[PDB]
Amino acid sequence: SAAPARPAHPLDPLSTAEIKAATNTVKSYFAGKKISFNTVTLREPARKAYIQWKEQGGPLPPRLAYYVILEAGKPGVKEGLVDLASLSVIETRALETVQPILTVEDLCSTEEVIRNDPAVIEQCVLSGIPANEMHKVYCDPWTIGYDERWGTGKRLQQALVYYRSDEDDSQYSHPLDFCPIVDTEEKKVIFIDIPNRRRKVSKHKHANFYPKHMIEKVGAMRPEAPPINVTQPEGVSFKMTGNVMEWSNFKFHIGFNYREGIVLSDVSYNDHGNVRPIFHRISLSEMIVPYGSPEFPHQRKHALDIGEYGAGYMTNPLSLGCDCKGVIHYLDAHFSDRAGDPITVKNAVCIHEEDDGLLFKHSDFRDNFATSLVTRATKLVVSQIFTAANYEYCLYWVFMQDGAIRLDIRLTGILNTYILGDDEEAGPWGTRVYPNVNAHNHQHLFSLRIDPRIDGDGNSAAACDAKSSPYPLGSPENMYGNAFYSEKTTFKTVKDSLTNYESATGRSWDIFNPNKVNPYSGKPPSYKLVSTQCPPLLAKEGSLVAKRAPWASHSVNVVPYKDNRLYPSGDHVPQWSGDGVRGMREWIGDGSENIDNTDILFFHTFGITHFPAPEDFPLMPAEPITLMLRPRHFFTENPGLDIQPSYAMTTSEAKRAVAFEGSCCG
């Protein structure tokens, strides 16, 4: 065989050899044409085919690569599939009216283009920067997002322009007032948005943050603190076999791609020999970061970072014991560059276990707590950190010893900033965080995609709302007015599922298997989503934000499963106006399809609303986001009780250590 070796596991990411085999296949299919590679990634097996292979002795699913290419002089993109075993293109089509994810190469070209463009140079000079100082001009290359002057007819970026007095400066204290529009493929500026009110470059010092800058600003650094050292002298408790993790009865596959970053698959829990599925797949599937200044051209700040840049493409190499402290297992990521050659991000994913405080404790007051049992918790963390120009997103998938799974996010990095004139008011749409610096209001919203398989196939979802009894105070049914219950609304059709978090009921959502019954409680096994960082989408209905991110206007969206329903703002996000039946809008359809007791997909919108303050500048302290999926009625008792306690003494042990009798303590 001329073909690449098969992977250890059908969900493993393409290897570097597979990537090059796929791009050689595609270049040969398009021989004589000038093409460049935008995406070369695993096309995961169909859900049915994977489960049949894994659990039913079924066929080996074909090993497939999905590609996206551009061709010089042709609009839009072509996409397709390569069958790796046969080195052949098996599906292909041209999409002339979309634009694809912006890769690191696509973006890294823009600053050159603007520094050399005569119209940009003229605007720099009008803004107070001499023409021979263009090396001091920088830009963060953004997708244009959407601009109704061009649609998808050209592939465009917008350059958010800044100035550095010295290369070691943090540029964000010195935005310029104007916004060049760049044709990515022609490498040319095609327009510059210039405000009606000109604001020249700030004359203030840069707002810097390295130690040499801090010594100048505040006089000295704090002395190094005494260390806190973490060691695991007998190694770790988890076991990896390729990308497959085993830890504390969990087993799952750790995948990775250019767009979602980490993808956790085939998640099960070994309940005393009974290996019980939980999720087929869980990942972040899209984001949107909509800014809240209505002034032109700031409507074009609403990056969909996952679909427009890629949480894999943006991911940082983590080594070593700075980002991830302790004893660490790393994974690398592999992509294609534009030439079709593999590229590697070393140490893209960090895996480790950490102390997580107490798992459970109880002591008996009767012998003054001599009867006591204490068990400490350990958590497993699978992490990446990606950089979207100014911001850093730190992602932590956390498994815990009560069977819960949590996603923790920490936001850090730098505020997006725009220039503020000397006498200009930033509010109500932003904050003056430093002289002449306006940090606009914004949200950070994420779409968690869960493909559940709670205790096996055939699942449903529900909203669970705490409610007082409807019977009044002083009735026979509620004499003292204290009765309350959980109202469970099972979603029958897609439209039923379109629901928001509600503080008035402390709403949670269940994902459950209606085919099974817990023998104690009589309720179906479930994982419960406990999530309260669930902002409303503030942009209004019919806005460009709401149209491009149809998923973001509800906290929960549940649709039928179909293969290839990954990305809820569509497969090719940049420059889509938000008009059309694609992504989540397609999957919702008329709202009528069944989602009760079937294969479903559960997409959860969560995140934060950010009103900047000076504490966030020039570099932002981490701000946390979290959500939890908790087993409820899944087990018949606390699943962690077979973990050896940290301390345990029974009543009979404590007695030995020292009419009817009362309490020992009486």
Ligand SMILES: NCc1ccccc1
Second form
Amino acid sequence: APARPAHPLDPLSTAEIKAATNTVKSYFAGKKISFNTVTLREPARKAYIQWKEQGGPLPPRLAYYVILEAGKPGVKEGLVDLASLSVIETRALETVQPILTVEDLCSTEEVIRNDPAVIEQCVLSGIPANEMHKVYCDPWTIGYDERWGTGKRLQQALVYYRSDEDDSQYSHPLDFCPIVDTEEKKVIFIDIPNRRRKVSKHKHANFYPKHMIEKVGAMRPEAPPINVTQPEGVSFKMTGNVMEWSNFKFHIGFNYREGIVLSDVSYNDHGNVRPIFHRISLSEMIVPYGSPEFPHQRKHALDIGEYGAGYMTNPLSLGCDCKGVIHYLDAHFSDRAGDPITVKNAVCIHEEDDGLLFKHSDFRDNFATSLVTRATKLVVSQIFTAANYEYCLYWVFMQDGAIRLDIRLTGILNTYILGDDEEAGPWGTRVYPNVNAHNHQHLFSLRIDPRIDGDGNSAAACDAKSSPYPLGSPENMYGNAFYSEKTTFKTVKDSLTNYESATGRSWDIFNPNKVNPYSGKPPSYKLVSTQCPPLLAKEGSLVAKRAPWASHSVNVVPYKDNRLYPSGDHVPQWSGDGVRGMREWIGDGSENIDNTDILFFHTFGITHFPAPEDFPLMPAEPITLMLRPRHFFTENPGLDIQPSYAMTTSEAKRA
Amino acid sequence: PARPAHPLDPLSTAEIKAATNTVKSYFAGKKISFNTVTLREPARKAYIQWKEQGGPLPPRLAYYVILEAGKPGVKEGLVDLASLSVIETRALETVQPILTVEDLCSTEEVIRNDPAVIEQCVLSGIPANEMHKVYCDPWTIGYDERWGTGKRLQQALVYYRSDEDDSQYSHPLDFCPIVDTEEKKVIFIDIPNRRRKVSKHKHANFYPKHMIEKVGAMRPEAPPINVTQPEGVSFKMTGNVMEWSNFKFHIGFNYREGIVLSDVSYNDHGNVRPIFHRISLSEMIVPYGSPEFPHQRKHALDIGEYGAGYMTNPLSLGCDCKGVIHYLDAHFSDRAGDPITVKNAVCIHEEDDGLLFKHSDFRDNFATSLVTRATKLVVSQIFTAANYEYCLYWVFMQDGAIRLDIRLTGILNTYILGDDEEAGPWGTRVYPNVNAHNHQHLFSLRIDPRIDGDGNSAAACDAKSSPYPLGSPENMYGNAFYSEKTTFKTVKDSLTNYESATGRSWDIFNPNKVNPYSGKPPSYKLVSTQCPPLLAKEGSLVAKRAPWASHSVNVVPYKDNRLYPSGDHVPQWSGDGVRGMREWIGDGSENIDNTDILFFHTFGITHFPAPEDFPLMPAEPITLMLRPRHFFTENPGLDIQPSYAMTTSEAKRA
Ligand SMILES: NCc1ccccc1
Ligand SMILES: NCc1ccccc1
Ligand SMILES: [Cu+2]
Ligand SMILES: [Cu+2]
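Other form of same protein, the form deposited with the named molecule bound, not the form solved without the named molecule:
Once more the chain from above appears, this time first in line as the rest of the complex follows.
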């Protein structure tokens, strides 16, 4: 009954969310339910393509839902057909726990503030029982605790203290960790260390201007401004969610979990519109902490699956986050009651100056002969907040046909208390008195659904190698011979591969059915990514079992519908045992992945060893990966862009 | 002359003139030409004494290199400018020096008029009267064991243009003339066993008039993106001294390294703290990967063979630096000893750099929020090495990091490919009859550190899992991990490569000092992952002429004049002998812990060409960064005005 959208990948409108919740409420009449997730169920890949390109059936508009029911363990999930307002698919899942929404997180603080056992711990730690309004917490999922499994829905409250509401609480962690039952709203346990450490008596480590004035005397004067103006408008064109820019076309989607989803990406190669990717997104994360001491093993957040890069996203406009002529998109979710909620300006789109695209000058007339073309890049960005952390996400299209993911980490370190006589090392750093910032890794799983110049793709590893022939042979007289060794993956097992400095390893995604007429190589997009940490948690560890994708830089599996989330559909409190998510998709490693519909999951990120520079608030730390056309074109695709400056040899002779 | 303000300033045009008059008169009655006339930088100890200890103002000195007609090799030495005298000299009969703009310019005329060359063109299918259509790129010979350093030699890489406006690289010829640079005479031509004649295809061109023919039309002019600074800039220049966002340093420039950054300090709330004494690019090598003759001679060491100063583009004419720019000029000597000037060789500006930091509280729906935006300072040059473009950006940032960004553009070096000829596995057929050979581009970053003062060390930092196994009392859940730090004791310890298996980084630190919070020494941390292994084999010509290239990191003791890791005079050295990095390494046993050190970092890329790269290549990026870690006690940027800030208390009031 709701109006269907312009485009089948368009996110659910507020009206569609509302229709969905009404329908689901009616199906479960008399049962006390709440809504965890109401989100688009995207159309099967075959149907979307058949619709888009073959005059095919229009795909059903579907809402996927996850609910809880009071007094029932676990969740229910299902699908609503929006045209007919009915529930077409249903199941109860009594042994999983679902993503934690903003409403789940905001509850927990008032729960621990009112708990007599927590209050008593605060008293023993040096906070008087009448000042519980000053105790705050970051309510994480418990993550995984073998004492409860998925038997109850749990959060672990990492507790802190503020002397004033404007303080940054992270200089003042407390020593204990309350375990809260999310649905009953009660503290069921508190992890208490053997060595007590009372609340720090130092000043809070603050960072607003009033705080800096006191700490350092004065603020630096306001800098003279840099202004950016586009008086004739922008060169990109939006039609609903569909973007066109510098020959690129694609759909900008968004959802509670992944945040930005770019679909149906193609490039217009002088009138021939060539597919590149069907879908590209961040599909999961894991942030594993490296202190072995109890209970710090429970810090290994899989932020996308346990909280959501959509649900956590910041409204962008007030902050001055995106500078210049900006196009915004809003996100729409359900709340607990089933009412649409909106986050305004969730996504910001703009184009920027990107330096030189290409330059060449001739030494013969002293660089008089010269051609110089400037580069513009298209940025589609979101920023999300995961308690203490900020993740800035920028998807970047470039004028050479390349596509790049840029990330900047900022926000504040997770911190735990440190005794006056306590050494942080080797597992963490003393970033401020009485403050221990544990070592950790931030790891991301990029999901790529490729369609390189069409259907039937493959992937390889490409390793730079010296010729096998020795120096002074006929084949390699001066020892200088080298090549690129290309290892095509045949089955899933062959693809499980790590980045390797010793070969400067890249990965190709390519179309074996086609051939570049100049070079004779298949057309390809090449993954060029060097920020690929190995997983430092040991095999069989809780971190490695809960993120089976993260132990390889690259995982390539057959395409199947609904293979989005590589640690499973319902991540919180999964032990990491069982065949689900990546472990399921890998299977016995034998399925074909040569010239077929494939998915390519790429683990990248950083290993962070904190230092005082990071504190009390951390300077942006950049991460990046690129996908470059290699043998996709027969020549530089930017040559038809007007140069900033051009003089030929004959024009230069004339002057 | 008059002395300049600052002892690190490059030589003025007057001073170069003064330099070459003095050398003219000391070699009175001799035909000599000038190859280099340039600042000899004062000893690091002299300089620091003048700067900080009331010490006398160092003497203004000029380093020169000259050739004398009829004499092998070169002569080099030093001129004391204040007394117009030669104070040091010596003759190097068995080296060859850096190739100047003019030594390059005369080769084409030499080969166009040479009769064996003319004959090779005819057999290649170009008539003897179309020789104005034959071009070459005049490289050093690099090294050829048929002549050593016994003659000064170039190798002319030959191309063909149908029209002077063509880009010549779609049309290489098959043969390679060898030219005596000083006799202006071709002495040999390398001719392959299988001849391949000039391509019949159209040239692969890239000017808008060519593109109009090739694809119908140019894209419409895009809507402008304009950058103004109505109130001017935040940085302040005094002569060549830069002040910005608490950094202070001197911007120098010479013929070989191009940009040289000296005396780098950071003003930490009134405490002026040293970071580097000097940083610059000190050498390159660009080893091609085709084993076939004569292509083993493609391995240009661009900095020592041609000079990133000598090769640099005037900027501004092209729209190379967008915004409100401050420019510096370069000054050199030509062959006759007269000052030449390259206008606008260096550009200085500030640009937006995204967010510096941000944090919002989820508790009031992100209404509690602070956002501060980043500005970066860019000091750059662009140089042309025949077909290649190298864009160099030294970047300072407001978290106190220094980054080097490089962008590679220009044109693929190409060689001819036959109709039936397969280019793989040593190159790519990027256009019909065009073979673009595999190659690496390697750079030697030279750091003379002075981290929070004198007495420094360097280490490798390697992320590692705990050695204790999953299930033990020490690592119950198997997640513990730490950074293993390996302090380099002796030169040999430092010889290290980037390691993905540990995400290796390198520290340059002051072990005499201590961070009050963390208890670690103050450090700048080299974060760099574009660290290709040298693919050329041990004992190869490449590995011998670039001994620094075989390790990502090489740390050696400071001595004055330890600048150029492939030796002072690079063209035609075979790579045998104890000089440059090989001399500085020695037997490997010298101390590098807590002393004056030099840190030489090898980084860059391995290039397997693709058609996207032809006929003109899109910028390929290379970066490395040096980040303060345990240097400060907190984020140094917090005193910068936020672009937006709202407290929890303010958010309630609204
Ligand atoms: N990375 C853990 C997290 C996210 C959001 C809220 C609490 C904790
Ligand atoms: N890179 C080789 C080279 C440099 C400058 C001029 C000619 C050739
Ligand atoms: Cu971190
Ligand atoms: Cu290259």
